[PDB]
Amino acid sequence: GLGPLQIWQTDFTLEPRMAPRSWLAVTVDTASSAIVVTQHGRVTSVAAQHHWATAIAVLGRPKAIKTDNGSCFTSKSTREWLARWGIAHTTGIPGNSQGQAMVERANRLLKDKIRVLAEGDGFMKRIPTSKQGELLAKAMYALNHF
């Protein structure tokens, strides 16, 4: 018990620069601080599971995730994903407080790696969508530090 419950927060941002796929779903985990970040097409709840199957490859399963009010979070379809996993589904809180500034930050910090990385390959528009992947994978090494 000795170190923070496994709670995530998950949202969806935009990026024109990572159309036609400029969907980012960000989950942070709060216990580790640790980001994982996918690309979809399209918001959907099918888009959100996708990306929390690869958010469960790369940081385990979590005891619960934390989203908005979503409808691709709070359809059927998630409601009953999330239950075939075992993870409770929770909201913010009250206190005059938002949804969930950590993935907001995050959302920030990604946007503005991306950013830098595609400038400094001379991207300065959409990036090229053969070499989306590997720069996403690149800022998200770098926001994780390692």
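Basically, rigid core = biggest C-alpha set you can superpose within 1.5 Å across the two forms. Positions refer to the first chain, counted from 1. First, how it differs from the form deposited in another entry.
Core-superposed comparison between the two forms: the CA of residue 93 exceeds or equals a 2 Å shift.
Having seen the form deposited in one PDB entry, could you now give me the structure of the form deposited in another entry?
FYI, this one's just the chain on its own, none of its partners or other molecules.
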């Protein structure tokens, strides 16, 4: 069973077309390149935990999650949340440089699919709050399934 390790890269990226819940939490399973995305009104430790609870239910529990040093990922609260689940976590190497690259690339693809799909429906600025959920779901389906 010499298959890829069950390792995720998670990050937040802001997206004004999804306001008021413009902070998008994106997780890339580096074993499969699957992407999981959720929306949030504020970047807090808890928004990070809610994001991962959903990712877990969708991709299964990982062995480890790799994030940057944003404070929502390094607070005591998230440390304990992750210890509870049995998930290892690392912020990488001080002044990483690279190694968060799949997630940084995923954030950019994700934001361009949102924009091309939004504009396809006639929304050139903020998308109406009522259309957001389905539109986010649609972008995620597009980036995972072929």
